[PDB]
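The chain below stands alone, shown as structure tokens; this is the form deposited in one PDB entry.
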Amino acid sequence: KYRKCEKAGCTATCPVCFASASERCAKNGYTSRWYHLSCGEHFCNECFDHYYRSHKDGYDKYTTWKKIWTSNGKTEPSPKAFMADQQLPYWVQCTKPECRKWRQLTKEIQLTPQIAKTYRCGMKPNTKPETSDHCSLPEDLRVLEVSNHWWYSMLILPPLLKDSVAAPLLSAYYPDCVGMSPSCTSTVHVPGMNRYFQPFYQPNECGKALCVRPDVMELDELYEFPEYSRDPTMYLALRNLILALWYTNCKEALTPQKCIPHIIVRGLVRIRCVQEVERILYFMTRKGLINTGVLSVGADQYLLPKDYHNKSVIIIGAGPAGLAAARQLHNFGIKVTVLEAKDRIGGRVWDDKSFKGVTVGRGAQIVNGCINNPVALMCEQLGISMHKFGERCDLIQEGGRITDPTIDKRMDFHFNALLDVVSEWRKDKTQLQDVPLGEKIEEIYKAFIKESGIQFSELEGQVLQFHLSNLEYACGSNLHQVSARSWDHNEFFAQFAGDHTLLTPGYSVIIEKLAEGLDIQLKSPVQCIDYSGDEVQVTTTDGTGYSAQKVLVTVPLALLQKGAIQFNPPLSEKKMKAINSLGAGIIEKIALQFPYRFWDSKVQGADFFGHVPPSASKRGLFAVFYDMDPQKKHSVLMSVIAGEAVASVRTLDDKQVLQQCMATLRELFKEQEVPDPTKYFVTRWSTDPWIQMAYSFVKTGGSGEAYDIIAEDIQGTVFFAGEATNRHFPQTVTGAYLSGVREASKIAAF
């Protein structure tokens, strides 16, 4: 007794039963109720009853299904859910480029990714027609409707994907909560021996960098796609599938064409899903979640639609951030020029390649926490290996004695309790009450000695000094410059989990790949940035002018501080306050080649050894020596000068620094002979005019917020990236890289 849909504002002139399950099916006629799934998809009450009522013959099928559904999912197992999960026909799009018509498949045909890839109109049960005349039959008029605004509004139930590539990573979630089907027999990390790809948080898991909640839409996602606010399921299913596809093949661009065949769901909704996967892809690409790293893009090929292509950008600095942003923008199809002061790219990445059998970094060479680390992604993309550091680091004393592990551990413990008293002391203190971390530590240690009567030996004091110099190394400063309140501010945010590694082939392999074929001008030090006009006007020191709509600054913090780039309009007081609130931390490195591996019998394959400092005054003077060949075949050691020791070396030439280091080595290996080095370098980052630092840290009275402030764009035309702009991940090549990706996403938007 009804031929119109049950639902208000349904646009279906003629509801038709897709089910035809009952002999008594209402077909294209009247029923007591026309059950709505979509504007183009209904079933009659007779067919409803065919499954739902215990006396009808479709009851076994429904009840069986409902059991599976209930034991696997958290969604109500209605007849509608059953119809959409098990009964609706599959729709597939003709892959002939001149055709592209969507076709409904006959009730019995099971869609597979192979059908999706090869489909042409008129393809019968077994997969290609004689002529392509089947293509000329008009498209069901329902197809055109799917892409309406009000069509999605009238979906009563969300799509649930079958055999999602994401499934194996979402075992811990209810499939439906994550946009997958509770009935697919399908019911951790992405496949790989390194295990570095862990894109999803486990249920209620936090504290792991770059993980995404597979069951929740973030704010940046709801803002881009607000149509999903009532039910995120569809977005989540497609975003999750997209992440899983990207990580299973990170070496090629992930396109809609690659995703289409992996979206298996019944009904007209599959069309909506196919039409959305494109938009979601573009969002995620822009954001740098996929289609990123050192992805090789064709000259003609661009990752974003021509819509984004009417922008030009000057990027200042060809370090990791500058190159990350340049690669992204260039891949997007945006016109980018990189201006670099030095005669090379890389910035604080600078690899020496002249030592036989190893590559040794003058700057960065460690990766701290490889899980979800873009550096590990780019390593994967390049098929290069990293070396995970071993645990063992003997503290050798001058004279040759190896410190007892219990002393090392006891004084490591006490070092950490000192840090805990500091974090106790500071919780209530304001910025204006900040005290140098070094002062706080010395104070606390004194009060501990005093009101406990505990007294440490000389050796114990010296081991404590070793652990102290590690923090100085980590901060890139003597602790008397470092904020007690804020030194580890970034630790508040999820950090990168997993391996700490030596990047054996060096960061330069990554840096060079990122830079490949980009418009990079070397020895083009920027002196002036003028954005007061319609275009940004950039002028190098020699006077060459460049203009673009947008400028990205990635110069080291020390260079901003020294005001090497004139900004007009000048930077805000707020920005300058932030800039000066951060310290330009410094370490220097020494590499030493020896005729043979003299240290092997004492060190026994460890990746590094420590140098117990003879005094507080010497503590950062070559505290750790790194065996630069994890293959244990070549003989190159590297060491580090940190803390007050960096100042001490400023007046020494390379040979004296070398002699100092050899004297150290001779003392550590006092009982034996140490051969002279055949080759070395000593770095001088602090007097390198375009760098003048190693990495930022928060000065006394500073805040981690300074990192966000430096990162804030001006007027949507001047953008900042770099290590010193990454609040979550300061200091590292990783953080620098991600800052550049961050800015390209900002720049590519509007």
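Residue numbers count along the first chain shown, from 1. Take the two forms, superpose them, and find the largest set of C-alpha atoms that agree within 1.5 Å; that set is the rigid core. What changes on going to the form deposited in another entry:
Relative to the superposed rigid core, the position of the CA of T31 differs between these two forms by 2 Å or more. Core-superposed comparison between these two forms: the CA of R684 stays below a 2 Å shift. Superposition on the rigid core between these two forms places the CA atom of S22 2 Å or more away from its counterpart.
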Contents of the next structure:
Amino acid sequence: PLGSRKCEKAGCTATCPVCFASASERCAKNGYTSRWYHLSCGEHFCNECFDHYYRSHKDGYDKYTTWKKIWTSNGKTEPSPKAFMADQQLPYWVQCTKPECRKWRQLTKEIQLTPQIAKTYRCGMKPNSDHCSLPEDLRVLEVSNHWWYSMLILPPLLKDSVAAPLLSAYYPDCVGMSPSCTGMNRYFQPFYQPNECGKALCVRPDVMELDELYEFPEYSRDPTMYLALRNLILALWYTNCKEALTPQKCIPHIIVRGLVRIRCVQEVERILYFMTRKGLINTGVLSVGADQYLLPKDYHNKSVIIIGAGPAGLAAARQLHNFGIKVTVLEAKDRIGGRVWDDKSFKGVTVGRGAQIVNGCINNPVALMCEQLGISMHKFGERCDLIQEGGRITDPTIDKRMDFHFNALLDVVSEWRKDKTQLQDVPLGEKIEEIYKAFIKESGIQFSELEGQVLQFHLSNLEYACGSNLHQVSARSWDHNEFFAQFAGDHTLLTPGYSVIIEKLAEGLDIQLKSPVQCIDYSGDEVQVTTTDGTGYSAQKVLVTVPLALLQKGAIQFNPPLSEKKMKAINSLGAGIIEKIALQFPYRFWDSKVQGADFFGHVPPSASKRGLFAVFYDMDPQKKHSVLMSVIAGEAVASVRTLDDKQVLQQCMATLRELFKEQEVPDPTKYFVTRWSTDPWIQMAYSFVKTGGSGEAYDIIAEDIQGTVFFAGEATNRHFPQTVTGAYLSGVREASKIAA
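Switch over from the form deposited in one PDB entry to the form deposited in another entry, please.
All you get below is the one chain by itself.
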């Protein structure tokens, strides 16, 4: 009767507190003590065990001080006795893995929980009967109660998290890991480093993102538990991206003392499903069987028609199929891929007629997919000599000088734009030419004919990037996407081709080729989708991923029609265009002059030849086979429209013979010339912002109609326009919206 049997904590539901520490010879056990300390509704320790560590004259004080020091030196939270108890003394809980038992059990205080123990535990297991039949401790079912966590004192801190090696620059308790704790693909950098500049597809490990706050508002007050589990989940995905990450896989990696572990295990499942739906994990070319769908059955009860089987359409279809949702894709052409189309008949080389370069590999879904497929990319060398007609290699200082001036011209454009509205937008090309003449006139510096020709090369590089002569592109908005964090790291040639990724995304999906959509009717209960031959399809939801030019032409009839606001956005973007030529030779004639560089430039003879085979690419990085690819950009696409393939070839060969004037150039034995501009279902290479337009147009086009008609494709990605990467992510984006 001297002492208490009531917990210190007001509102606590523990009618009988027992001490979990039994660290002091004087432990009150289950009897009366001065004060019962409350870690949770089911966990308390007595006053003398408190004192055993807390007071200097007691034997557990030595342990407390050494822990307090470590906690203090690499931690941010207070090193209180409750914190010491929760980190070092609270006994572990583990769930029996027998499918028909599944009961939670407390381990004896000396046992250190490990992943292997958690993986295989069953009732009764010890390092040295009828154990499953014994009743489950009553405090377990209590953890489910809404209030349980609120009555828990300190947030859990994870031990030996798979995330820890990646977060060594953070204080562990800011990322939900314990301060007392002591060959991943180099393109996987999912976590921001402290005060590192923006990069694409990166999370702060210590801050919840907007969508995370939105889905789990209960964590806005204290995100520790969420952050620890989200970071763990991401770290697990990236350590093995070739298989689906499941709750069962995560649970053995959640290591924390106490009943709170139960709360953690109960939460990791919801967090995992969220990250799956959003496309952060369980993604890329991962494919899962009917018995292994990535989201629970409550997401499964819907049907989707996806129009177009390019990167965007296939990404969405792959995501939704993997989730367990019913998906049908309708593709106009006799092949899947869209602006991914590879030619594999070149001896020992894959040459893309469309996409083949990866711009920024760090965190790039394409790099993730290369890892999953076990394929290699080739990082481009820096060297690109500018070769003149006929033969002269341009002085690198001239190259660098004119590049500097071209960028200076762009810099003053970004000054001029600061006080202009869309109604005041001028062509970038017009504005450059104007500023150039103003600079030429003011300081009377005359550039040589060559310097002028090299400026022209640099100009053609920007026309190349935009897919247009710069007189059609917005001075205000040309580089709008740079406002957002962009993909860091290597620029690579995807040697095996994007087709390898496309084929994997598509495998096992329901895809209807040669089924060009002509009508989408969303006025009724289900969407009615009609092909050009009158074939009928229906689903609850429809995703449109057709190219921008095809929306601009109105090739698909929408009932009800698209809004004026959408039409204005659609028409405010440009349908950019480049074409490619590929040439196979009997031998590598360029080796003597090019000396293993990945590419060489071609200085335009005059303004009228700008963009006409500006850059040639050596298509075998192993330097064995002889294939060159070149590009036709800007005004040069026009000059080529009325030429047949033989004639384009002639001009290319004439160019090469001028570039390598001092030597013989063999005849090509195989070639292609692309005609994307006149491919009826494509009609372009990639989007750009036309004069008067805004980057916002990408968002407006991306906006769903009545949660019923959805839009994806490169021209719907404001952060990452133009690219296979951006198209892929737009598909992942829409799959998330659709699955919600």
